[PDB]
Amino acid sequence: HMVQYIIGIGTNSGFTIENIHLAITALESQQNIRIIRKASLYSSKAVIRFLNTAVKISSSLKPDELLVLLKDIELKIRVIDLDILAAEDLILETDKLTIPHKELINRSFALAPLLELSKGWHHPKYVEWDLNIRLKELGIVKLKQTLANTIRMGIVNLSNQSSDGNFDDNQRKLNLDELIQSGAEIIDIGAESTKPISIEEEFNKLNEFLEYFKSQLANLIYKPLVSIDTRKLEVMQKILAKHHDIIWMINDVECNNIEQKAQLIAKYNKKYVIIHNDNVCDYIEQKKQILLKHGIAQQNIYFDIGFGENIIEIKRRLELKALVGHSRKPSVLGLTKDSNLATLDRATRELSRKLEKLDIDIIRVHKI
């Protein structure tokens, strides 16, 4: 027979959302588990901030078996916490486990996603306790970051197409805040624009911002994955040296020095984006084989059309996850090129909402 379980999932170290998807993927991988539904992402304060959700699963696993599975997944992914919140109306009391979880009614970050998945759930020991009133008595933020297949990469530009006052240079910080409130799961930080800048200057812009990011780590309701945008082998080297621990991906619009780049990225176990800078398949295909040739796993490679109607065809040919950067590009948005940042951002949300349905792995945007 099948039993419906709610699994609570929390994390507050490393790449938080990645840890959550990895735990879910691990569950889904079991031949005796089916994933019915995922809850939203919730952020709570560390007694840096926790990221919590819950998933509802169907399984023939007995509770104790299911607990064994959770412990192993925890050991594989300790930077993640997996708990059996509930099994419908089941009541199990033992030293090994109690269902519902002892602390469920004392943790808004547990009860909140649980009631989201099962709005009608009542605690089987307290069938008269209206858990919504209980939830309110407790002490929580429901993020706009989601567990969706398409993740949003928010653009944080450190260059000069973007404005200091006499005693205020807060613009880039405010915009990090904006992106995080609005659901960006990933931020892409770039220090160049669209006159060259030196290695040392590009590095300094990036580093000042990552050092700022780190100082805010516990102030962030959500710690996004970090992508660095640079075409320079040397800034990559410097930035990974100091900050690899918060960097998830490298976004590189320059095939110059690929071999050395691939060795670095391989060594640091980070994601790489191939950018185009039809036949386009083969361009990406060639670069693609070099990277593999230098030691980086194929799963870690994304491709990008590089605009500067049939992407799904291309991805499927390519064997690689799609990253799409359509934000504020008047051509692909089919707008006049004079249109204001207000109308550009509008058309782009409209199109973002469209690419989200096709399961584009990453969309890169200025605004959510």
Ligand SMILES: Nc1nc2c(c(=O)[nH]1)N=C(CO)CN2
Contents of the next structure:
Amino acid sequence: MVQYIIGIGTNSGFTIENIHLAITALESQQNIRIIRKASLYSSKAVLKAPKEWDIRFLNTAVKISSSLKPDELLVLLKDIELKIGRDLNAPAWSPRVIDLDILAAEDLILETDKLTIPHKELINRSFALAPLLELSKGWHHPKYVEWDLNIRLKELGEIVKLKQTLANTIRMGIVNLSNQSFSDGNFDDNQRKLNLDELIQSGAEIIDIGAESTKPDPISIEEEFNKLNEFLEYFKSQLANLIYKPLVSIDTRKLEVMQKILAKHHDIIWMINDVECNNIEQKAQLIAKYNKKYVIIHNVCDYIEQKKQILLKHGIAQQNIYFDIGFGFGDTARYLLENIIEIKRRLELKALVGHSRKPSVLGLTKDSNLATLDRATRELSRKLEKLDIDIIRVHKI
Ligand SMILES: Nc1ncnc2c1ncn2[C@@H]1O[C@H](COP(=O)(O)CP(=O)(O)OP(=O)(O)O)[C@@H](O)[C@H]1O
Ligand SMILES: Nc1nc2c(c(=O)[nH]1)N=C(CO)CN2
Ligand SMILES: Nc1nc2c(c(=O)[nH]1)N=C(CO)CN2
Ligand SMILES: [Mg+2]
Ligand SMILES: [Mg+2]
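Okay, that was the form deposited without this ligand. Show me the form solved in complex with this ligand next.
Full assembly next; the chain just shown is listed first.
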């Protein structure tokens, strides 16, 4: 058996999902095993050039084991590139859903027309060389056995290693547009813009944008629509400026807001986080049409099962549905908590936990201040991370 390092890149669509589905595709093979995944890296797109093609790349690399021949492996990867949505050998390096390259086969040297290994550009690209050295820290290029590649990596110059990861548990950074987060001054509503930046640098894989206030004791449709829409437009104005383009969750309770925002921005939206049951039938219809993830909140087992039925009854895939215990919505928390793993199994849906700053789930007195809320969220976020909760929804990372 031969160990391969496969380079993965993408700069279009839901980037981290495209990487996850590629990895998942390789692991699905019975003649391949994943040994290790590398970190996530961010880099300016390397072109060779219409302005619109420069949208940052997400790169990593995975070390696999396999008894596949190098030419056989390439066939599989090309197949994997197509299932995901890679175009008909489109123009010379335009936006790509996925790109899977064989970087290295230990010490193999394969120089042919179809395949050359190591990849011919491996040592000129930090977005390829950096993830590889991460997985194989003692690796030398078989035709430059002298070259210290760590120094070579230095000549290639800064490449940003992201705190986003390929873990099983992903963080949902909260982005609140309501009054609660209002600080804006004479010539700048930058508050929400810097908040996103910080969610992103700090490692959030998903952002959850909600316009309606959190505090128990409304706002109108076009009003809530106007807040979400202005930010979503701002977000599109930055797509190419983000070191990392996060998956976006629209958190709304109104069918008419969903309808409106999805008609406009469905292309950049991943999931709908609906806090109330409301028009479930109609909501399922819309989300079925736009093929989005949707989240079922307990606003437990049977209540959620009931709702799941309608959704399936309306045309969405079970895999597109998460349930959420619904912490903060009515001790009793800590036992559902301690048993989320059990619930997930019965239900047959992935789990979403939003324990952020809810003093009960955490087990602190209601009195607790901001830092005390934060540190407790953070420490409990680690418990869930090791318990592989699928999404954890938090104010700070
Ligand atoms: N190590 C490697 N990994 C993947 N393809 C390789 C390869 N070495 C040579 N090739 C070849 O190059 C071909 C084109 O693949 P593409 O993905 O379209 C080019 P690209 O990846 O966009 O450019 P790049 O390789 O400079 O990054 C393959 O069909 C394949 O036969
Ligand atoms: N930053 C970055 N630039 C690229 C990449 C890539 O993966 N990352 N891949 C290319 C062709 O495959 C071309 N340019
Ligand atoms: N899924 C989910 N969504 C939310 C939650 C929550 O706990 N779970 N809490 C909110 C405000 O406290 C707002 N939205
Ligand atoms: Mg490539
Ligand atoms: Mg390629």
